[PDB]
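Read the structure below first, then the notes.
The complex is shown incomplete by one protein chain, all other protein chains being positioned as in the whole.
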Amino acid sequence: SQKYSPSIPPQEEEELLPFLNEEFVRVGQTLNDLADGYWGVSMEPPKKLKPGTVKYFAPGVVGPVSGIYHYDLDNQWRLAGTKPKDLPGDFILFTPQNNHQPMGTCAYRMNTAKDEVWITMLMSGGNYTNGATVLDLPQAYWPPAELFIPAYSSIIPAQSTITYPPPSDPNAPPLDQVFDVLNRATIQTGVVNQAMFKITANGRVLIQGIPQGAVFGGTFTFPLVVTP
Amino acid sequence: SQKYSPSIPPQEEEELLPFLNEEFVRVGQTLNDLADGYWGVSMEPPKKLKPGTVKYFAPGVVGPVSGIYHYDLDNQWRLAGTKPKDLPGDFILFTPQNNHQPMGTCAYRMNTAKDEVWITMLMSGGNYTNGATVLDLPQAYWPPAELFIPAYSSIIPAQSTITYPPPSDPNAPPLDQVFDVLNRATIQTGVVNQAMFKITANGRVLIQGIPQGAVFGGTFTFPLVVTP
Partner (left out) sequence: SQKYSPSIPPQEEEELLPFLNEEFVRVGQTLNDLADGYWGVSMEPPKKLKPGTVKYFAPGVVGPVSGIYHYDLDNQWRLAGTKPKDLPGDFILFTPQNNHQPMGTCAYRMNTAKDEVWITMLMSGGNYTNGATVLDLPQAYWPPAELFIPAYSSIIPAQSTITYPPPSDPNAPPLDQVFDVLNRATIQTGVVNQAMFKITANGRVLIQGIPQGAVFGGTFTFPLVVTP
């Protein structure tokens, strides 16, 4: 933007008319060129710093990007548009339910910027009944819907049933019949229920498939409800 | 910024020169002090509200942080730089492939702010062949590379082979030989393939290690490709 410098008036009153014309059209041009919304063109770095004036800038020198840089008392020339920061919460330690004994870090945390909740846990003992509640999350922690996740269990036990068929030849010698039964013996392994955690829409964490006395743990994170 | 107040001219034309000097240097000083980029120093709260003027402010009173606050028709004094919000998408329900029957919430969702995709599922029945496709994700959902994750399976079956060595003493009585064979019997448990989900670069979810008829499920999330 052009800077207006006032000019010395003429020496006698007779020549005051053209002088007023020129000076007034100059000031009018400056006022219009400023009032249209033209702060000027970004130029070389500014002069003495003082809080109250903040000249915008082009790429690079004052700031990496173009825009309207603005300094302050600290005089750090804040970027165009200031925001201190954003940060999630802290890991809230929760007392286990159903008399479960913590085997490590069993905590939960928000992430509002993520719209999620992250939970780590490792417990032993307590009620191992399927569907037993280990943690009741507050309403703000409620998932949008029912959810299931795999869970770690120190014990993954199986059941084995052994079947001994009757001897093929009942008239065979007892040693031969026993050997035939033994050679034709079979073993069937039962279904093993993998440890899993089920979280409902009301923020209740339930265990299923976890054997009694098994060190059960896991770390995970799940999205929250939509955040209007 | 200083406010310029016009002054009354003198009473007679003879003394018009010094008056013009003073008033013009005053207006020139004001115009330069404004055109250098000095809106002024942030001060006590402003006066009557009207859309069109938006005075910036210091920390605290008008807004928690310094900067250029700007109100509007609603007159809420928006922070320096306005942005409505950002929000991820909704959980898209997908029809299971390979004739799999959903046992619960089987959905997937974007998170563009996260550059990730979050998928929950729980299914039974259908084709349990290793490498069978259960969901073909669209191209925007494609992971950067091949990926493998553990999967929950309601059935974790094992195989057991029983071995009966021949009697140590063939000349022993048949009861003794049978007892020796029985006491020297051995059992070997086979390898159990843990249920796992494999997602490729083309967004195809494949099952492996999941037994036939086993309720297989899991909830997880994975980062997307880099988003230029």
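Going by the order they are written in, the chains are A and B; count residues from 1 in each one.
Heads up, the rule we're going with is that contacts are C-beta pairs under 8 Å (C-beta built on N, C-alpha and C of every residue); 3 or more make two chains touch, one makes a residue touch a chain.
Touch with the chain omitted from the figure is made, among A:16, A:191, A:224 or A:225, by A:16. Of the candidate positions A:112, A:129, A:130 or A:160, contact with the unshown chain belongs to A:160. Where chain B meets the missing chain, the touching residues are 1, 3-6, 9, 13, 16, 23, 27, 30-31, 34, 39-40, 46, 51-56, 70, 72, 80-84, 114-115, 144-150, 156, 158, 160, 162, 173-175, 178, 182-183, 185, 187, 189-194, 196, 209, 220-223, 226-228. Counting the whole complex, the residues of chain A in touch with the unshown chain are 13-14, 16-17, 20-21, 24-25, 27-28, 31-32, 34-42, 65-68, 80-81, 87-88, 90-91, 104-105, 107, 109, 111, 114, 118, 120, 122, 150-162, 164, 174, 177-178, 181-182, 187, 195, 217-219, 221.
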